[PDB]
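**Student:** Here's the letter readout for the chains.
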Amino acid sequence: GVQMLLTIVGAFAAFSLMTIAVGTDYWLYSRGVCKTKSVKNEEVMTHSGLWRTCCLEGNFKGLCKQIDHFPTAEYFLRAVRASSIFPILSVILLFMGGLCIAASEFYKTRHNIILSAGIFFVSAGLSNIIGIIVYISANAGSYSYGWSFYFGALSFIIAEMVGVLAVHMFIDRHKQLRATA
Amino acid sequence: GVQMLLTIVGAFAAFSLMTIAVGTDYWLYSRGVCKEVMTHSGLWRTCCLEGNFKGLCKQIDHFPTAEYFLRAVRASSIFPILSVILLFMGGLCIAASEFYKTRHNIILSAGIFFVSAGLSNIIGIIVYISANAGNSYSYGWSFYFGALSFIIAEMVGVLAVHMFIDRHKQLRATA
Amino acid sequence: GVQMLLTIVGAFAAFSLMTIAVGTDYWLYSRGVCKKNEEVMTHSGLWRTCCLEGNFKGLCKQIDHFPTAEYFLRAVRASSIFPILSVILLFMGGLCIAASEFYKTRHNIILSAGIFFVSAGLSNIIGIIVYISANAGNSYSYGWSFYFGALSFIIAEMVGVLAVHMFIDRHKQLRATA
Amino acid sequence: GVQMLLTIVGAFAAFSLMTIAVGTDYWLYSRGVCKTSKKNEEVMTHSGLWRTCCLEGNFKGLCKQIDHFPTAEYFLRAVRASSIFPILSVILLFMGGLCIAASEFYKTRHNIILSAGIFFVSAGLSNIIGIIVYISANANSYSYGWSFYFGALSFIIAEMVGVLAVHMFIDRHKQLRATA
Amino acid sequence: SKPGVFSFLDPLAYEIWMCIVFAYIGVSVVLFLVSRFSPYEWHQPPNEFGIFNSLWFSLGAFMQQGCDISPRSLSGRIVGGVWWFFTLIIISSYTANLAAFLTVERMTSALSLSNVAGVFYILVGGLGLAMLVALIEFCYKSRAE
Amino acid sequence: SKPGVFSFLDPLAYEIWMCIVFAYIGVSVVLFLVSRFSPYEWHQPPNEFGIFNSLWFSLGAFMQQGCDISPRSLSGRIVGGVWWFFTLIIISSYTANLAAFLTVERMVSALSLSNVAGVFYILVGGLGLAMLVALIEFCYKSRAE
Amino acid sequence: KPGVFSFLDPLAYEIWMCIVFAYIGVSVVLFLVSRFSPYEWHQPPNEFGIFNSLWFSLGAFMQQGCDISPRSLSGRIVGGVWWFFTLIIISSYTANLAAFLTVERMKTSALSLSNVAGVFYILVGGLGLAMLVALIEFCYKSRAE
Amino acid sequence: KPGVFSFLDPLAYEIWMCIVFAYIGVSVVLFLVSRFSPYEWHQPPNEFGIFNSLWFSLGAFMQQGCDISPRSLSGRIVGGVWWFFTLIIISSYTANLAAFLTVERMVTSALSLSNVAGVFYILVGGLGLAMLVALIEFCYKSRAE
Ligand SMILES: CCCCCCCC/C=C/CCCCCCCC(=O)OC[C@H](O)CO
Ligand SMILES: CCCCCCCC/C=C\CCCCCCCC(=O)OC[C@H](O)CO
Ligand SMILES: CCCCCCCC/C=C\CCCCCCCC(=O)OC[C@H](O)CO
Ligand SMILES: CCCCCCCC/C=C\CCCCCCCC(=O)OC[C@H](O)CO
Ligand SMILES: *C(=O)CCCCCCCCCCCCCCC
Ligand SMILES: *C(=O)CCCCCCCCCCCCCCC
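Chains as they are written, first to last, in the UniProt record's numbering: chain A, 7 to 45, 53 to 84, 93 to 162, 173 to 212; chain B, 7 to 41, 56 to 84, 93 to 162, 172 to 212; chain C, 7 to 41, 53 to 84, 93 to 162, 172 to 212; chain D, 7 to 42, 51 to 84, 93 to 161, 172 to 212; chain E, 532 to 574, 588 to 651, 806 to 843; chain F, 532 to 574, 588 to 653, 808 to 843; chain G, 533 to 574, 588 to 651, 805 to 843; chain H, 533 to 574, 588 to 652, 806 to 843.
I should point out that these hints are in silico values taken from the structure, not numbers from a laboratory. By construction, the Cβ of each residue, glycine as well, lies at the ideal position given by its N, Cα and C atoms. Treat the hints with caution; some may be incorrect.
What the simulated footprint calls covered on chain H by chain D, stretch by stretch (three residues with Cβ under 8 Å from a Cβ of chain D suffice, anywhere in the stretch; the number is not a length) [to be verified]:
| hint | stretch |
| --- | --- |
| 1 | 545-552 |
| 2 | 556-568 |
Once the Cα atoms are required to be at most 25 Å apart in a straight line, the calculated SDA-like pairs of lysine to any residue come out as [as the list claims (entries may be wrong)]:
| hint | chain 1 | residue 1 | chain 2 | residue 2 |
| --- | --- | --- | --- | --- |
| 3 | B | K74 | B | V57 |
| 4 | F | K533 | A | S175 |
| 5 | C | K41 | C | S105 |
| 6 | D | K206 | H | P570 |
| 7 | C | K206 | C | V8 |
| 8 | E | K533 | A | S175 |
| 9 | H | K839 | C | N133 |
| 10 | H | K533 | C | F83 |
| 11 | G | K839 | D | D203 |
| 12 | A | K129 | F | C837 |
| 13 | G | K839 | H | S617 |
| 14 | F | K533 | A | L196 |
| 15 | G | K839 | D | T25 |
| 16 | B | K78 | B | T30 |
| 17 | A | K129 | E | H574 |
| 18 | A | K206 | A | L196 |
| 19 | E | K839 | B | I106 |
One-sided excerpt, in silico: chain G residues whose CB lies under 8 Å from chain D [said to hold, decoys possible]:
| hint | residue |
| --- | --- |
| 20 | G535 |
| 21 | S538 |
| 22 | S812 |
| 23 | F818 |
| 24 | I820 |
| 25 | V822 |
| 26 | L825 |
| 27 | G826 |
| 28 | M829 |
Only chain A is shown next, with the shape it has when bound in the complex:
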């Protein structure tokens, strides 16, 4: 009862946090530009996210551009980093975890819909680690990560905690069945 309540709240939190990370732009306070060619540049502080990059300060404060991820084993990294499959697949897996948790509130007989939720959450956390590494690794080849990156990092922790909690609930259901039989 109370354990399922924590799970529901934690599930939403991680989903919400991760959707706010993949959508915002405050990932990496870099030092670049925001505009393109014209008939010199303006290297000013630029909070750059996954898809867009607005110049924090400078004469063009608030102009977001489209990060150009393509300026053997390096092409593959770019493609993955450019399509943000991993940070987007974590959001797809956390959402499917919520459906599984919600489904298990209307069909109590099926105990395997709770284990599914746990695996989804745990796998979502694992897909958000590859996202972090891919991000950092590709971004490499002075900076300061922002709150958007930390929501992605914080999402993992919340998701992993929901993951163990869901596994515990699965075991608890089956323990009741092994005591009443």
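Got chain A sorted already, so can you dock chains B, C, D, E, F, G and H with the ligands onto it with the hints?
**Tutor:** Frame of chain A, contents of chains B, C, D, E, F, G and H with the ligands only:
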């Protein structure tokens, strides 16, 4: 019993040693200024060693954010002083343990105080050495009294815990 | 038995691969002479080094050897004693397998098979190590013959554990009847 | 029975080996002088614990003494000169053999056998120190000689006797437990 | 030339340290999951890999220390094996890069207390926290009595 | 520049990384052989050194991390004692040669996540494989009942 | 000539002194947090008295010793921080030593017995002390019969 | 090309000969203390017999896993000094090996198999000896039957 006597003598030794350390002037024999020759510095004074005067216990210029916090601690010497306080509080507990025999939970308090006193002294040594490392220097008797007090206090902190354990064993045996 | 069939198929596979390796000349793709000349691509082996993409395409010449401790290693690599020894031990392993189907009361034959296959695997390791170490004195890549030898080792070792289990099962059955 | 036989033979072998080592002069095949003008000539020599005897040249066979003294460094030289530890192992192995001999006569005191065990084990430990103090003080090529290997070999033959003696002690007390 | 309190973390970058924490929280959870999720293994805990022991085992592995509990299934061992390989590389990289940081000074001396003094602070801090966590429980149990 | 994904395997040549796998598969099999080939030892297997626990032991011995069960016979111990010597040199050669790279290329006139980013994919990839192995068994065991 | 005790040059005298002080500290705390609780003795709750705590701490610093490991949150915080402290310090000694060797502290030579000489005196001296302790205990027991 | 057994270059011949002598000595002192006293035998007070003592002293030196751990005072002293000895020596090897590599590389450079080819011959040789020893035991008992 025999254990109580050691716990009392040991506590006094620890407290006394550490108080002497904090109060003396022979922590680190260096070579510097005393108003350049050898100067047996301490925790509060840097007293001249030989020369035209031989005796001039000058004060330390501790203040000529990772270098302000370290300095503050070193200067205020909170941790060395804090160990003395905790050793003193541990002694009261032992003394209170006699009057209020029934209350066995006072003995454990002494153990925690003594154990925590040792941990404060450890930070003291590190803080002292780290900041003072800011020249052939050698540590004097005062520094080793501080270090020896730590050892004596840790020994009196395990003995206290055993005494607390023994109290409860008698409670669980008779009842 | 199904287990017996695996061992037999695995034994033959190991033997085949290893022999095909020792006899073929595709162990190390390098770039050296085959007959002052030129360094065209070649596909060296154990007994011969035959240039591949060259004017004299398909000309093959006995690997030039010997060009006391160093002497010992030269002789060991030149004679390929270990690669050849592995083939022999793998062969004897097959003979042992094909002897526990007739004298099926001994059961020490199967243990011999196991030891042969396991010991033929260890000989294979030393053969690989000797080969890689003599190629010391840029474009050295290994071919399929080298990997057939390496693949044989794994196949041999797997037969070895399988045979030991086969031996163990025989004795466990004999223990139950007693 | 036969276990005691090995111990005796092994104890004698250990003792004999070590004594030869100390007394001989073939420990370190170096290249030095053997004669106490303003001239010199270094020829191959076989050093020992006491004397540096030449084995080549016109001075073939002339055995010079060694001035080990031509506070850490002083202590090393002082110990290396007197050979305290190598000689101490000789003394310990000799005493350890007396105990085994004393056993046959007094067969009602089990601590005679365990005494031999401690002497033999402790004799090995002195031998280790002797080797170390000889290799550290000694430090153009060198190659240790058969005399140095009789020392090293003595250690092994004395540690094996040591465990064997301790088993004898253990075993005897085990038989007493049975009788009880 | 100037030493810092937490200057023992210099070899491995900030990101490396951050991702190690994430990989520790991940391996532990995954190790727990596999071991205990199957309802065809309990007869009681088939093994000792709860949510608490898993964290301890992962931490132990990384610190190159003892093995109280050891995985015995096939899925546990795979998790253990990769974690041991990760640890190995990472712990060899720290040492290897620390030897570089202590040679070829760019802008040899015996390391002083100021170089490894942040660790001492963490050590004493941990001891203090442990004693607190032990007395908090104690009190809690005491009132229940 | 751009350190390759799998740039943590540089301290040792390709043939060493290959021959280590071969030596591992060989030590495990030989440990299995000597421990459980004696009909005159089972009284119920004598020691827990089957074929699946003899690979875990070898893997643990190489990775350093690992301390569960050790051989107890003369033959088994010899196997484990040469394997232990092998591991020591190999794990001290990796670290030592890795330091040389990180020193030599520095002297030329802090490791980044990229340098050790092919060991994180392996770790995470291994966790994925482990969760697939466990789930497969679960499914196959839940179908039969 | 390299001093007898030249295996203590990497770390400063203070570091060595402070390690000893931290070892004593950790041991006392690990004993306290593990045995002070009156509500765990059912027979002590574990084998972590003042003697085994010293052994555990000592073994954990040396990177050896697989006797026992804590089983309590309070006793596992101490373990974890001590293991972290150890890791850093042992890596520091193995890295700073390689700096000393690589950069002559006035081709390379091979370490001679003279360099690591005080580690064989300690060992032999320790073996002597061990036997002495054993014999006096046995002698005392033999005078009590 | 380097010598087959070139992995024994970061230490001198007199340190390997002394390590073996120290190993033997430690294993005979450990056995002695543990089992000499007749006031502890019940079955034996502990598992530290002559055969096992060699195994525990070889295991300790190789920084490998556990099977037993001394529980006496005298025995623990031997363990402690042996662990300290091992620490220094193993650290010195790795540290001095890196020196050799770095200085040689300054006068990629991934370690070729020729550099470390004696640890493989030893390994396979030990596996060969191990099997032979096992079969000798087997043959002996088999004939007896
Ligand atoms: C049940 C299992 C519980 C296990 C519990 C084990 C805890 C081990 C903790 C170690 C922390 C060590 C790392 C500390 C990092 C400090 C970072 C820091 O100080 O950062 C400074 C900054 O970079 C510039 O000012
Ligand atoms: C049942 C117990 C068995 C459990 C076993 C667990 C195995 C995990 C161990 C290590 C990971 C090694 C993965 C190596 C992946 C290959 C790396 C690679 O491809 O490197 C590039 C190239 O090969 C170079 O030139
Ligand atoms: C319970 C039984 C205990 C376990 C027993 C087995 C343990 C074997 C361990 C190490 C082998 C080391 C072998 C080292 C061989 C060195 C080779 C050598 O002597 O080389 C000389 C050199 O070539 C001159 O130039
Ligand atoms: C039950 C636990 C307690 C029993 C087990 C204890 C084992 C001791 C281990 C290691 C210390 C060995 C080294 C001690 C001495 C090193 C310092 C030293 O002597 O240094 C001299 C030097 O000359 C100064 O300048
Ligand atoms: C819970 O039961 C509380 C009452 C029993 C005493 C336990 C705590 C005693 C020690 C208090 C803290 C000592 C000083 C700590 C700061 C140095
Ligand atoms: C066998 O019968 C399966 C029972 C458990 C089903 C759990 C849910 C499906 C598995 C997880 C789905 C994949 C998530 C991660 C994808 C990258």
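**Student:** Would you mind marking each hint as holding or not holding in the structure?
**Tutor:** Going down the list of hints, with the structure as the test:
1. Here's how the stretch 545-552 of chain H fares: 3 of its residues keep a CB closer than 8 Å to some CB of chain D, so the rule of at least three is met and the hint holds.
2. Evaluation of the coverage hint for the stretch 556-568 of chain H: fulfilled, as 8 residues show C-beta separations to chain D shorter than 8 Å, against a requirement of three.
3. In summary, the hint linking B:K74 to B:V57 is supported, as the alpha carbons are separated by about 10 Å, within the 25 Å threshold.
4. For the given pair, F:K533 sits about 21 Å from A:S175 by alpha-carbon distance, which is consistent with the 25 Å threshold.
5. Taking the CA atoms of C:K41 and C:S105, the gap is about 22 Å. The hint holds against a cut of 25 Å.
6. At most 25 Å may separate the alpha-carbon atoms for a hinted pair to count; D:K206 and H:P570 meet this at roughly 8 Å.
7. The hinted pair formed by C:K206 and C:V8 meets the criterion: a straight-line CA distance of about 18 Å does not exceed 25 Å.
8. The straight-line distance between the Cα atoms of E:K533 and A:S175 is roughly 24 Å, inside the 25 Å bound, and the hint therefore holds.
9. Only pairs whose Cα atoms come within 25 Å are accepted, and H:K839 paired with C:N133 is accepted, the gap being roughly 14 Å.
10. For the suggested pair H:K533 and C:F83, the alpha carbons sit about 15 Å apart, so the restraint of at most 25 Å is met.
11. Distance hint between G:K839 and D:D203 is fulfilled; the C-alpha atoms sit about 20 Å from each other, no more than 25 Å.
12. Restraint check for A:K129 and F:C837: the C-alpha separation of about 20 Å stays at or below 25 Å, so the hint holds.
13. Between G:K839 and H:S617, the direct Cα distance comes to roughly 15 Å. Compliance with the 25 Å bound is thereby established for this hinted pair.
14. Annotation: proposed proximity of F:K533 to A:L196 is violated, straight-line Cα distance about 41 Å (limit 25 Å).
15. The straight-line distance between the Cα atoms of G:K839 and D:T25 is roughly 37 Å, outside the 25 Å bound, and the hint therefore fails.
16. Restraint check for B:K78 and B:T30: the C-alpha separation of about 13 Å stays at or below 25 Å, so the hint holds.
17. Using a Cα cut-off of 25 Å, the hinted pair A:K129 and E:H574 holds, with the two alpha carbons roughly 24 Å apart.
18. Distance check on the hinted pair: A:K206 and A:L196 sit about 15 Å apart at the alpha-carbon level, within 25 Å; holds.
19. With a C-alpha separation of about 33 Å, the suggested pair E:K839 and B:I106 falls outside the 25 Å cut-off, and the hint is violated.
20. At its closest, the beta carbon of G:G535 sits 6 Å from a beta carbon of chain D; the interface hint therefore holds under the 8 Å criterion.
21. A cut of 8 Å between beta carbons decides the hint on G:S538: the least distance to chain D is about 11 Å, and the hint is violated.
22. The criterion of a C-beta within 8 Å of any C-beta in chain D is met by G:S812, whose closest approach is roughly 5 Å, and the hint holds.
23. A cut of 8 Å between beta carbons decides the hint on G:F818: the least distance to chain D is about 5 Å, and the hint holds.
24. Contact between G:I820 and chain D, as hinted, is not supported at the beta carbon level, the nearest pair being about 12 Å apart and thus beyond 8 Å.
25. This hint holds: G:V822 has a C-beta 5 Å from the nearest C-beta of chain D, less than the 8 Å allowed.
26. Taking 8 Å as the C-beta contact cut-off toward chain D, the hint placing G:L825 at the interface holds, the least distance being around 6 Å.
27. Interface hint at G:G826: satisfied, since its Cβ lies 7 Å from the closest Cβ of chain D, which is below the 8 Å cut-off.
28. Restraint check, G:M829 versus chain D: the minimum CB separation of about 7 Å is within 8 Å; hint holds.
Figure legend: structure checked against the earlier numbered hints; hints not met, in rising order: 14, 15, 19, 21, 24.
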